[PDB]
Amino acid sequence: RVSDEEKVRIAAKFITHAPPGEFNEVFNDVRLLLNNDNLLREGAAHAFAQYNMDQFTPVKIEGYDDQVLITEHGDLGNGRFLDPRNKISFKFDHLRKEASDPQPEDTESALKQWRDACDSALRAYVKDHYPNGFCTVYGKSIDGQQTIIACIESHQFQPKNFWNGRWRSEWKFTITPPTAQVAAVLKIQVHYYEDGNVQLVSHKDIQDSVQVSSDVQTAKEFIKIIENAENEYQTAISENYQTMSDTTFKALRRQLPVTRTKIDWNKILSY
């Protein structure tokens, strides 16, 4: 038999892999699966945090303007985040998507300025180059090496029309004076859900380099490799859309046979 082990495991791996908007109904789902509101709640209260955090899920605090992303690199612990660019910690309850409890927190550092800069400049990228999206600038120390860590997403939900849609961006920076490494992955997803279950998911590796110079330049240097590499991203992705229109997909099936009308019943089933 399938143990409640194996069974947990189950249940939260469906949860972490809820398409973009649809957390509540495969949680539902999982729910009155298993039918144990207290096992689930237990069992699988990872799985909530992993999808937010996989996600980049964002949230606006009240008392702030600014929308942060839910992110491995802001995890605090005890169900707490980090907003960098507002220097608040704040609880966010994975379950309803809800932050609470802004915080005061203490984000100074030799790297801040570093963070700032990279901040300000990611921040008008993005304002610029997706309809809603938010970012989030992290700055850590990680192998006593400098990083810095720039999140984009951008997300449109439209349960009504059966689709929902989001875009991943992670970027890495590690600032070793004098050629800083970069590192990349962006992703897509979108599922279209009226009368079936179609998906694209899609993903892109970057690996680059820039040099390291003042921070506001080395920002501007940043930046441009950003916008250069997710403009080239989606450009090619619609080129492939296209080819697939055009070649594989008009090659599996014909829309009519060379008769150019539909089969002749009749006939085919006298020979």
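Numbering follows the first chain given and starts at 1. Note that the rigid core is defined as the largest set of C-alphas that superpose within 1.5 Å between two forms. First, how it differs from the form deposited in another entry.
- Comparing the forms between these two forms, the C-alpha position of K250 differs by 2 angstroms or more, with the core used for superposition.
- Superposed on the core, the two forms differ at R260: its CA moves 2 Å or more between these two forms.
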The other form holds:
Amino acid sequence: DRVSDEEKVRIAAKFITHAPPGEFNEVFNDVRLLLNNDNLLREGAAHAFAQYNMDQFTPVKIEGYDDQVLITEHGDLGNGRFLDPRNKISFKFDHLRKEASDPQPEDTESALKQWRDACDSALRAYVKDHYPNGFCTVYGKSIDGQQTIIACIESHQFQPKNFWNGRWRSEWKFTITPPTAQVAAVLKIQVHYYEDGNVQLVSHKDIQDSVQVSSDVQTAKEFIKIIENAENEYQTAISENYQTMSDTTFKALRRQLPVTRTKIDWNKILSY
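Switch from the form deposited in one PDB entry to the form deposited in another entry and give that structure.
The next block holds one chain only.
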């Protein structure tokens, strides 16, 4: 009759990893009271809290350092530590409180570091110019023997008092095979409005591109221009598609009024 501990954890993890942006605490609290097994939730679903933060690109402030660093899979150093590649530190991250502690120096020197730094510098300016309170983190790694730059952007607005929350995430991977670089990206938007009922927008777009590679500073300039053009285009297309969706799909599901352009004559209906 009892639900196995394995299934309680699996279902808790499922709800947690599907929490809207900015609503982790509410979903965690619902789940806690449904399970009535705090140690099982905290130990058994630990992987789910970490997965949520890394999926969401959760930004965190590290005491004593400008700006915030993103929690992502690319920064996961294991044992609950993450990498801040701009400030060249690792730090402990509490996935429940979303708090950073215990910063320690991290040796990040490599032949790719100059490229990561040039891309990071160009990306920071880009994000500050194009987002209201965006953050970004740039990684440089060897992936199957290939030098890779990974640029991550996050921007959110949480307004629980007005019952809505939203988040933008984008992830740009540049595989550098001189004299070229291959570009693969995903852009993502999630919005939850729940003043009346429960409405959610979920959107994503895949991007593939190629680019010529020159110097580290000039290539960074070109990388950010690709990002800028694609993200500008995606955003405008979104806003335009709202109008089109209403004009086509929405009206096709239910009209505002019958073709008579008046509400129904029910005595006419019943007399037929």
